[PDB]
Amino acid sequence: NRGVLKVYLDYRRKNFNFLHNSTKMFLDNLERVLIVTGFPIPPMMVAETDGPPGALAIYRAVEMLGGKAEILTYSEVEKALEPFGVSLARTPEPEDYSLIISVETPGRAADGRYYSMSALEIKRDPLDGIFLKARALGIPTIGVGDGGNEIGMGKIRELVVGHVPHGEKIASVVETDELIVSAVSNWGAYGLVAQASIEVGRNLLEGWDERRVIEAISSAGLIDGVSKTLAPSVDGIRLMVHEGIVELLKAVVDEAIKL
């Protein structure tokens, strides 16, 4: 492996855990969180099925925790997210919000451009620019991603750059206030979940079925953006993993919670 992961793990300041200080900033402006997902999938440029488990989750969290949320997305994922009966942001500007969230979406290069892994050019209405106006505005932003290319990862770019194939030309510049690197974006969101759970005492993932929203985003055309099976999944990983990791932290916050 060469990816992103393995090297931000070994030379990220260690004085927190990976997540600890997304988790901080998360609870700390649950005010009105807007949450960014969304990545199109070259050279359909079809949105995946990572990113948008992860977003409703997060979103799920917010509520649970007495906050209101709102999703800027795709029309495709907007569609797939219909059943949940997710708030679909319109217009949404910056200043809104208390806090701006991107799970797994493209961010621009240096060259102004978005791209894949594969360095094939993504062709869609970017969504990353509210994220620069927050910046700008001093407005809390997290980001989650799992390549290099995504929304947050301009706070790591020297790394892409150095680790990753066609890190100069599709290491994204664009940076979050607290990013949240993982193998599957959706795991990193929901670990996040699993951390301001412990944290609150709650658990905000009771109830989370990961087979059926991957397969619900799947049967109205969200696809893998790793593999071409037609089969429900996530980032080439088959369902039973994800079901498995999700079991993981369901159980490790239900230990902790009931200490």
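By rigid core we mean the largest C-alpha set that fits within 1.5 Å across both forms. Residue numbers count along the first chain shown, from 1. First, how it differs from the form deposited in another entry.
- Positional change of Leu230 between these two forms reaches 2 Å or more at the C-alpha, relative to the superposed core.
- Core-superposed comparison between these two forms: the C-alpha position of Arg12 differs by no less than 2 Å.
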Second form
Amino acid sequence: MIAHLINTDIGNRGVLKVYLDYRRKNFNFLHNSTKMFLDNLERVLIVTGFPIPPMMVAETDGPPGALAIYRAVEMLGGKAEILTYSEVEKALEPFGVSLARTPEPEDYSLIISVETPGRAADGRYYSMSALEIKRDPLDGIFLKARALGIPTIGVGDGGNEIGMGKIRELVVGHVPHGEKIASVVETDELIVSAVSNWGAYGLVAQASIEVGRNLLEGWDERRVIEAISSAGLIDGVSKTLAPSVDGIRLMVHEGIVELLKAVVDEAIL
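What would you give as the form deposited in another entry, now that the form deposited in one PDB entry is on the page?
A lone chain is what you will see next.
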């Protein structure tokens, strides 16, 4: 099953434990997130972009996942726009994505976050190593969306992302520096994964099975990562221009994606 694969053991015991606890109570969190996705495709706002201290530059985890979701919305007949930082918009330029401008929650049927920093209990933004993120935040539209009743989905793998507020207790207990970095920002549905991109691919894969079409087909993980890496997006863990995500090399990401495609093809028959 998809939710389990996207949480494949990658050495981050903290998040694995979060996933274990989260799933014990919300076993079908992926399916529920997919149902919300599929019911609100008219105009989707996809938010991504995670500044990495000390440089505060955006990283490779998040944009690829946002791109895969954007792509699936268009293929499913809906419309999507992306809200993110400058360097990310540049990295995604080759892919022709529509960039949101002066976005207001009400203008969309759904708002999705993929690896976006969420304010912590002290109102500040922190990275996994507990360093403060110094840059204009992107979570504000989520607070407004919730106050408006606008459907929201969060995807994260660290505990400090938009949407994690929903399981803050799990993060504070299982993740290093959890009390300080855990986000308080909640979303209607939440996808926890070992790498945020995989969470986004899982949403696409689950949706694919729901509609009977493989929405991940044609996705080239290696090309996408190489392209955004060449554009300046760094690896969030190593903090260098390595063509990797969270310190994990491409063959693993490719293995996840190919396995996801195989599971979808099999499920569709």
